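If you want the building blocks of each chain, they are given just below.
2 protein chains.
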Amino acid sequence: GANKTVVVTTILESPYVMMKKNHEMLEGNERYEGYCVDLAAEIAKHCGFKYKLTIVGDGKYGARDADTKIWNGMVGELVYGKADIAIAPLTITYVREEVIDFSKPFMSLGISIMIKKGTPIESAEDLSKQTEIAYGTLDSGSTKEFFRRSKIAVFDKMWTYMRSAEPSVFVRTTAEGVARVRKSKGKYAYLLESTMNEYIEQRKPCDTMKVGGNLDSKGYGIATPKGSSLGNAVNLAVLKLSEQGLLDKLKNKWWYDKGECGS
Amino acid sequence: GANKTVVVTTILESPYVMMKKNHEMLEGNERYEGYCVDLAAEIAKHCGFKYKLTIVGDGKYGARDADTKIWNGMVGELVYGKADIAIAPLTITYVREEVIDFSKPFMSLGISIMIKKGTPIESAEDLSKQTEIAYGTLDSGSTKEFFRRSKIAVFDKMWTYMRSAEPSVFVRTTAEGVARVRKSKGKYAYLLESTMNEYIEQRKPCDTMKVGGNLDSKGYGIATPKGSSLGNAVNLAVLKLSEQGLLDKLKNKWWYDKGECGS
Ligand SMILES: O=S1(=O)NCN(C2CC2)c2ccc(O)cc21
Ligand SMILES: O=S1(=O)NCN(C2CC2)c2ccc(O)cc21
Ligand SMILES: N[C@@H](CCC(=O)O)C(=O)O
Ligand SMILES: N[C@@H](CCC(=O)O)C(=O)O
Ligand SMILES: [Cl-]
Ligand SMILES: [Cl-]
Ligand SMILES: [Cl-]
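Chains as they are written, first to last, in the deposited numbering: chain B, 1 to 263; chain A, 1 to 263.
Stretch-level coverage of chain B by chain A, calculated; a stretch enters the list once three of its residues show a Cβ under 8 Å from a Cβ in chain A:
{"hint": "1", "stretch": "85-97"}
{"hint": "2", "stretch": "100-109"}
{"hint": "3", "stretch": "205-218"}
{"hint": "4", "stretch": "228-239"}
In the DSS-like style, the derived pairs of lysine-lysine whose C-alpha atoms are separated by at most 25 Å in a straight line are:
{"hint": "5", "chain 1": "B", "residue 1": "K69", "chain 2": "A", "residue 2": "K240"}
{"hint": "6", "chain 1": "A", "residue 1": "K69", "chain 2": "B", "residue 2": "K240"}
{"hint": "7", "chain 1": "B", "residue 1": "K157", "chain 2": "A", "residue 2": "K240"}
{"hint": "8", "chain 1": "A", "residue 1": "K240", "chain 2": "B", "residue 2": "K226"}
{"hint": "9", "chain 1": "B", "residue 1": "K240", "chain 2": "A", "residue 2": "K151"}
{"hint": "10", "chain 1": "A", "residue 1": "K151", "chain 2": "B", "residue 2": "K253"}
{"hint": "11", "chain 1": "A", "residue 1": "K249", "chain 2": "B", "residue 2": "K210"}
{"hint": "12", "chain 1": "A", "residue 1": "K226", "chain 2": "B", "residue 2": "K240"}
{"hint": "13", "chain 1": "A", "residue 1": "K187", "chain 2": "A", "residue 2": "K204"}
{"hint": "14", "chain 1": "B", "residue 1": "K249", "chain 2": "A", "residue 2": "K129"}
{"hint": "15", "chain 1": "B", "residue 1": "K129", "chain 2": "A", "residue 2": "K249"}
{"hint": "16", "chain 1": "A", "residue 1": "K251", "chain 2": "B", "residue 2": "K151"}
{"hint": "17", "chain 1": "B", "residue 1": "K210", "chain 2": "A", "residue 2": "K251"}
In case anyone wonders, no lab produced these hints; they're calculated from the structure. By construction, the Cβ of each residue, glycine as well, lies at the ideal position given by its N, Cα and C atoms.
Given these sequences and hints, build the entire structure.
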């Protein structure tokens, strides 16, 4: 048929997608800025489509309900035909790859530990061997599923603690996890992706830091409904931008060029 | 060969694929050992196929002849139907993605610099600003094509030197590049992938090292002919091995430090 505007689902997560100054008087794509906003423009240019950025209604990345088997979040938007493509920090996983298509990765990450500066923790092993410092993850995302599914001893032990901790150690947004670290005087550590960890490390008031190596190795991919014709072009577009060095420049732009914690 | 046997093309490259001690009295797949040999056994187990490891005839990774547009190396064996799958340190690239299918990556790497210890080079920009130290890459692989195609200023400069330098700064195998670094009294630096660089750095005679950050970011993927029915299962197998932590275990095994260098 005729060309249609591509519906892009994404999520309000700094610095991938953020509300612009003066958004209250702006409309459409102009309301937003950030890494994924820039990336969407580049992909659309190379692929020759027009698009509309739409923030996912429930504010979630995507998990499948154990009983109803219904997908929520951005994954759900794709699975149920509400969006044509997701351009977001959406982690490539086995269970997701089974139900949606992913491009080759446009950014790499690993699960990591965020602490308030001075917290006596240097590794996940350290966390699992004490009880004074609480720790948790984001809901409805790939980090929580990693711990839940892990057969690796240290991570299984961490999940056994987190799943039953009271009050809840899980948070609904990355921002909530960051606040909890910042406000708990070193008694909360947050498990999150190294990308978001490194970003927060560069923001005022510069009171957090990433410690230890990453617990795993994966990446974000641009996602489409299974078998979507958009897939092939978008995938080549990611590899081209990668080869051209544009993805490296975009990360530098949003993470470090305007970092708030010094040069 | 035998019916229902998957033909695997691979390449002799330590520690991915190596001839076992006393291989001359062994036969078939048992002649070989290494990271990729272990990976092939794991992939074949998950996907349920029997397979035959074959070393690529011309000992090359894969490039397209500018004149004849003919692909050589492992890429060629996939394109012209000599093999069903490549399980090897074969780099995901834009130009290759256009002609073959790649799994999601099973290992990450970047282009990196290998120098003789003591060499006064700390970066790619350093190499480009001087002319006493020669430098080159492997023929018929992705590192050479990267420099040839690059519009990034420093890399374009390096390519302008390398393509015309004489005697040829290019080498036929990784071992030959490493040997040249070791014998040139510091007057040759080798551009190779960080994985191989890191492997060599830990082996006797302990006289090489990796310097600077990586020049780019990419990975190896398991490759199949375009539209192969094997693609989907192999891809899911890679993500499953990744999430089980088996790719990390395999890396730790074949990059295991026995302390040939230092403590
Ligand atoms: O999630 S993935 O596509 N497969 C697993 N791996 C690691 C290398 C094995 C990575 C690594 C980096 C990346 O950007 C994406 C992936
Ligand atoms: O070659 S790729 O599939 N696309 C480009 N990128 C980098 C993150 C943008 C990576 C990174 C790591 C990896 O293992 C594979 C790839
Ligand atoms: N990027 C993750 C969300 C963040 C996290 O789980 O730590 C996902 O796609 O689910
Ligand atoms: N992994 C490379 C070969 C080594 C190199 O080019 O440095 C390829 O697939 O072409
Ligand atoms: Cl429309
Ligand atoms: Cl021998
Ligand atoms: Cl010329």
